[PDB]
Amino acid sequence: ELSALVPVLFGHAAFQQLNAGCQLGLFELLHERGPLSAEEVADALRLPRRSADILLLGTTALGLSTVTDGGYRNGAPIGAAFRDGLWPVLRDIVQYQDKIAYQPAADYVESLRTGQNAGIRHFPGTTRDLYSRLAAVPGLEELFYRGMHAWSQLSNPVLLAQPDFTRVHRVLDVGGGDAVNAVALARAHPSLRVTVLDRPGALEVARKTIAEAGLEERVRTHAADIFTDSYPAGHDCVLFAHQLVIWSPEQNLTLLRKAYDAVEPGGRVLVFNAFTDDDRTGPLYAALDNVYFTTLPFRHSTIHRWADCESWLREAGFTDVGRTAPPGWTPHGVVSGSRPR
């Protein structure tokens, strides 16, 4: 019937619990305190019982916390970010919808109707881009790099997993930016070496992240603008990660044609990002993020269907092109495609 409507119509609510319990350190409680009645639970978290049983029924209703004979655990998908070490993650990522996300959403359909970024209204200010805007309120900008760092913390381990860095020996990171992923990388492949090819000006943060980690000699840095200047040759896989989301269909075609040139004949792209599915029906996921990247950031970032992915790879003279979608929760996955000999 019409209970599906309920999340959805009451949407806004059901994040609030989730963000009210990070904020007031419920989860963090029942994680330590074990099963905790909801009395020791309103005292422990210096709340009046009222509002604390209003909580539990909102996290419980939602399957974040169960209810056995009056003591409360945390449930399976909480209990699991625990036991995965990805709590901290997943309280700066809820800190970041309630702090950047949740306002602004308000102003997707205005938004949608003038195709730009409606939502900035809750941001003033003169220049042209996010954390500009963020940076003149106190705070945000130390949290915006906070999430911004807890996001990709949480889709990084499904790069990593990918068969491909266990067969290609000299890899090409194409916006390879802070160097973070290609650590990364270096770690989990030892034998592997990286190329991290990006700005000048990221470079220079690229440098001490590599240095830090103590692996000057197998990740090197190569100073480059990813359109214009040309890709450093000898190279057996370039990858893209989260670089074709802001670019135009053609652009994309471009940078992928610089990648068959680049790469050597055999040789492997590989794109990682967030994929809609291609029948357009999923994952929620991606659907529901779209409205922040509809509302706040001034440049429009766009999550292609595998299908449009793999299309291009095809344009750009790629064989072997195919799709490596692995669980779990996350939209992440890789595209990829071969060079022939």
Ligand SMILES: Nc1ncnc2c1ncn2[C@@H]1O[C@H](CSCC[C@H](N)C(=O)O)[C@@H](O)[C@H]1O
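Numbering follows the first chain given and starts at 1. What changes on going to the form solved in complex with the named molecule:
Annotated hinge between these two forms: 300, selected from 316, 75, 25, 300 as the site between the two rigid parts.
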Contents of the next structure:
Protein chains: 2
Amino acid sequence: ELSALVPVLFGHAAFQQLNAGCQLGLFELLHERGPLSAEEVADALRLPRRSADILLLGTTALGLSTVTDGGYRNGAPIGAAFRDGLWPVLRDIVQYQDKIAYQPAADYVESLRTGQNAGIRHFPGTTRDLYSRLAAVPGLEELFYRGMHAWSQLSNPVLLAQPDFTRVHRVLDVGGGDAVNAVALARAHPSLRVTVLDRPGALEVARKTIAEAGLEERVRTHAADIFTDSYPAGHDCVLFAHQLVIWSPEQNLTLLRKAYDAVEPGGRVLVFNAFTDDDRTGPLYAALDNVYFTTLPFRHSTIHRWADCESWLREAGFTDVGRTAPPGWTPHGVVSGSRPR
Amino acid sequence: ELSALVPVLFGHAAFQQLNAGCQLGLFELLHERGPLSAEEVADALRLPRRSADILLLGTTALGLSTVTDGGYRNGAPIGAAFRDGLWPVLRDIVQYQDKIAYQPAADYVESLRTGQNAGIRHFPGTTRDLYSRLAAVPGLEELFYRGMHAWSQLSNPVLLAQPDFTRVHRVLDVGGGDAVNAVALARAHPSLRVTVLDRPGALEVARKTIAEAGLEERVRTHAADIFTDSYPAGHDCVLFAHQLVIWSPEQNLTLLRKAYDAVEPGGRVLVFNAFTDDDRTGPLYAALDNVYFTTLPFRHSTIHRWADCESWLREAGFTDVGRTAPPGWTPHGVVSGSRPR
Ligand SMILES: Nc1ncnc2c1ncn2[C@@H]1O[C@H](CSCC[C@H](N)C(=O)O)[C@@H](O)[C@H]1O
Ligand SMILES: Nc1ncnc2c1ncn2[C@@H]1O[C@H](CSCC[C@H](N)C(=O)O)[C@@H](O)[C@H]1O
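Let's see the other form, the form solved in complex with the named molecule, since the form deposited without the named molecule is already up.
Now the complete complex, all chains and molecules, led by this one.
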């Protein structure tokens, strides 16, 4: 039946409702002061009455809000997010979709046809990857990492629960960004020490992330190019978090070989990101999130299958290669290998 | 729970997958030559293999396609559209979303906050309505009406099944666009004669629609401004198809009172468009489609509730006012009235 096509055919509109609910302060208002009538919403949020009605209709029909009494409350997924302490995280990733993902997504068809990340044209600069363009605009880098920080807060529980971090001590965070994951690791495991490797632009945000955690003595930054520069020696654990999704399989092989050469024998390699199921049918998250990867970061970015990643670890020379999957939310998992002695 | 938020959070990406499947010719390919391997798709569609994989994961995960065999076929909603002869309709409304709706949708938050159709900025010009701006870009007016045509072909069976058309003979099509509905009515009812009222630019497309149905002697075009000019006298029936959703309630009143003055006493008024449920909870189609009306056509545009429409008819002076809401056809219906003798 073709009624089924309506939510896809209007998917962008569906997103815009969540976008508006967040940006316009609806969900937080309902959280602190619900239930509220449409006219109370309009007055609170300073919206024209027609505007509140349209918004409330949008969020109510999607299940983001519920209406009884002619009074409005947050719906179950929203209320759930508040309950679990995940609202600022949810709010921030929505901002990201809005400010970073949405408009480049329009270049999806061209990006597929030409194999280019055509969506990057919306950002000043001439380099062919998104990250080296973040520096081109004042405050852009900070906005981007506010986003990434939040995505990792959402997905790094599976990382933090990784058995290896009770057994390793010195982690190399390759492309560690704003050091969100270094810090989360350092906090959960006081034994641990982490080197955050990234572009200088990222590391300026990293220092601030490190400084407000007071983790300057166990978490440090090091500026390098992940391809052309050497990975710092004397590390126990090489971590790739939301990294290998950016590059082609051959580039990934290159990165993993550097991980191998640099890591202490008996050490571990960890690949942490979303993964496409090996049967290529999902999950929905990877399937959808790939529109971002096809249009923006780099021309070969895509969410790879577990089996493909595992293959790269073995062909880099790692052993004991395997995966850690379920939490629930999402396809985030860890693929891991050991450097043999 | 927040897994639920995923299709909304990536709502724009879901649409883009559908968008790509249409534009790149995937669904048509699968229809005539499925089942196919990923690599067969890649070669046929002239896509890089990595592109074919990313696309196929998206459509498969969405159910737009299915994978068994390791061979790909159209999923149920897509195949159903082909079987029912609705494929070109689906194709054209997807093209309309892509070229007309998707980017102005980003101006939703701003549109809500200011009560303006802020999305109109994506179109060259300075007038306050979308329709008078279409001529500024070559082929835009026709591309637009190609889009309107396809939407009406999808929803006007409820209109064609409206009982009044066995009791009326001369219908006035107020804001009749490319005459998709005038022609469809004339076909369904050989008794009928229709006057299509619209801007000259629209009527140029209307003439063509009329000519290729060969209905030039029963369906004619008349250039007028629906607000500042009088409606032609001597009509049995005044029809508003996808029209009142554009204007404010005060404006809808002005238009309906004009219909009142122009229609023969004992004549009928028909308002045909999508409707919002009186309980303001849905349907989803109306709730989402509002993103387009808030951002693009005009500063007051919105999908009104049945009851609000009914109320305007009665206050314009019509009697016997009621609704027709065929099951399966939601959110499309007709609100109708009579001019008293
Ligand atoms: N050539 C390069 N040298 C250094 N860092 C690079 C790089 N190419 C990409 N990166 C970094 O790779 C990161 C991708 S985003 C992931 C950031 C962080 N690990 C997290 O999980 O939240 C960005 O910080 C980008 O600056
Ligand atoms: N001031 C005006 N005068 C005449 N036509 C107008 C108008 N403002 C809007 N319209 C027309 O209103 C229509 C809105 S779209 C509806 C088209 C047609 N009724 C259909 O159902 O397919 C457009 O054709 C637009 O040109």
